[PDB]
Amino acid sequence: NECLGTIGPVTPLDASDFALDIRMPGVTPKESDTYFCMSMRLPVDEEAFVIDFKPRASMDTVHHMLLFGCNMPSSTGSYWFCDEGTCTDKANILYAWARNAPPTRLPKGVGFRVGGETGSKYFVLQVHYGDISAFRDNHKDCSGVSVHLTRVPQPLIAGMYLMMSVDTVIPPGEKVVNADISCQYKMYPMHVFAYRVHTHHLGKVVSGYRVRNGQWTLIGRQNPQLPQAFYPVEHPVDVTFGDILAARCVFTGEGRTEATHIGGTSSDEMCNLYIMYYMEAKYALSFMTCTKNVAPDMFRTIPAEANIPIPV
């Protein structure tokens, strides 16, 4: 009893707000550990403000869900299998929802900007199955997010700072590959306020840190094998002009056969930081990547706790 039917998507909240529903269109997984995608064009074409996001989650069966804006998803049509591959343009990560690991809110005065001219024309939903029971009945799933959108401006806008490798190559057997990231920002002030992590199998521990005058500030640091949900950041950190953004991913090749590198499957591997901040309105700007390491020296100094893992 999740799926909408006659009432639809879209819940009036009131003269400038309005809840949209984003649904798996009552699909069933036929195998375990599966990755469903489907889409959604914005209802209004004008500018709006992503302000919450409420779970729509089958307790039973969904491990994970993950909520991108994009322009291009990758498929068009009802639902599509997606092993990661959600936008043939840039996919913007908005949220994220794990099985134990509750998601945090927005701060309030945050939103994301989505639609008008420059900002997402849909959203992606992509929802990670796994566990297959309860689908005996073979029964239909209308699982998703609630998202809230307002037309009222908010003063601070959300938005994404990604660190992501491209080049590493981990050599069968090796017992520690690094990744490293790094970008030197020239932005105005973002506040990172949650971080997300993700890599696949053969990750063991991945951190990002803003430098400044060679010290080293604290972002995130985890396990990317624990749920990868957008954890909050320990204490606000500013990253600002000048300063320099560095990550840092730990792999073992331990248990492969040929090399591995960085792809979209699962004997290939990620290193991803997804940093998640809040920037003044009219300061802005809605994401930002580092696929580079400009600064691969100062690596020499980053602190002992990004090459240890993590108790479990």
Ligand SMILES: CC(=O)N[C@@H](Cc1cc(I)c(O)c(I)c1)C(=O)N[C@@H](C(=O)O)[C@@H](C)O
Contents of the next structure:
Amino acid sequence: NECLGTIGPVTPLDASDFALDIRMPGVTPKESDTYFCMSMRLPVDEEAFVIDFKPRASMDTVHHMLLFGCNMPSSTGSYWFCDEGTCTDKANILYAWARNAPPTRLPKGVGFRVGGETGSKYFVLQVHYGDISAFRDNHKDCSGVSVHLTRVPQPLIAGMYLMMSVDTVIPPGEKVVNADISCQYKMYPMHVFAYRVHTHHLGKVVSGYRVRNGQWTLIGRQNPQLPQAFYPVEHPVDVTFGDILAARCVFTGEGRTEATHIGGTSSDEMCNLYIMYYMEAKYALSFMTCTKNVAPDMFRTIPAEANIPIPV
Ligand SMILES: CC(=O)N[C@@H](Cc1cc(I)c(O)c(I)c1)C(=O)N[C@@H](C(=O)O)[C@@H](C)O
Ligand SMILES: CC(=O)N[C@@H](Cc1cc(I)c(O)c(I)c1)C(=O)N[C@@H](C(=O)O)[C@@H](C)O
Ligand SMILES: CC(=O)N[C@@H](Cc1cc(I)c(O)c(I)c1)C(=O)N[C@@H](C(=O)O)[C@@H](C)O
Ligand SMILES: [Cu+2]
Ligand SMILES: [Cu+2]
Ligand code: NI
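Moving on from the form deposited without the ligand, please list the structure of the form deposited with the ligand bound.
Time for the whole complex; same chain goes first.
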């Protein structure tokens, strides 16, 4: 149901706006925890701005959905298993829908820039099917997300700052292993408005901070075992030239018989903190990444909550 009909995926809205429905082409999981991927090229070649997102998920099977922007989807197929990949180039996450933690809307006047000469030419949708019981009907699922695109330039441009670990090693049975990430910020000011954390089963807590003149200001702190949606920041926080962004993921090796390193399988781990921000249009860049730990010693002053499990 809700599947793609004779009217197609593009809904005209007015002279310069249209909604684009990005849905699975009627797929059927045959195993629980199946991750399906699919892509949609933007229908317009010129620059546009994504200013809203509306989920169209099947509450009875969809565990989570992510929408990315990129220039080279990993497969040319109708849909594929995301284990093959999302995009050959580096995908930019735009939206996350997590079952049981409703998404928050973008601030008005803020939009992601896409298309054109340097923006994403494709949207890639990942849909995680958990309970494949509802598929006893062997029916087809068309879950997805609708995006509102406009040609009208937005005064604030949303972007993503991804902090991630690449060298972490978690010895088996090890009670506590910290993965620390830190970089100095050297662009125009960005204001953080939402954040998402991601780790696999060994993750206990993930926190990120802006450090200025030695003082730590919390950006976000979350239990990665909770739904991995983008959560709004408690208080708006600017990150400016000179500041240091610092994040820590706390892992345990308990329950594993061998060491766990960074990787894409359930037996591997990941330490990600996605910081969603907006910047004035004339100063904006759409994405930044930190995969290092430039000021290792700085963590001796990280707030205690960074090591404290979040109470349910
Ligand atoms: C890519 C293109 O040609 N677009 C149309 C106008 C348009 C752009 C976007 I992005 C959009 O979301 C919507 I709705 C409409 C266009 O440019 N049409 C012509 C026109 O405005 O007459 C050319 C000459 O500008
Ligand atoms: C090695 C690793 O940590 N990969 C993460 C972070 C990542 C996200 C994006 I967007 C990206 O372009 C790249 I290169 C890496 C990772 O795969 N995280 C998952 C996640 O955050 O759920 C995927 C599904 O986005
Ligand atoms: C009723 C509604 O959803 N109005 C949205 C436009 C929209 C339609 C669809 I169908 C959709 O899938 C998405 I995502 C967005 C809305 O707020 N549109 C703006 C517009 O009409 O330009 C405001 C200003 O009215
Ligand atoms: Cu999920
Ligand atoms: Cu992962
Ligand atoms: Ni400010």
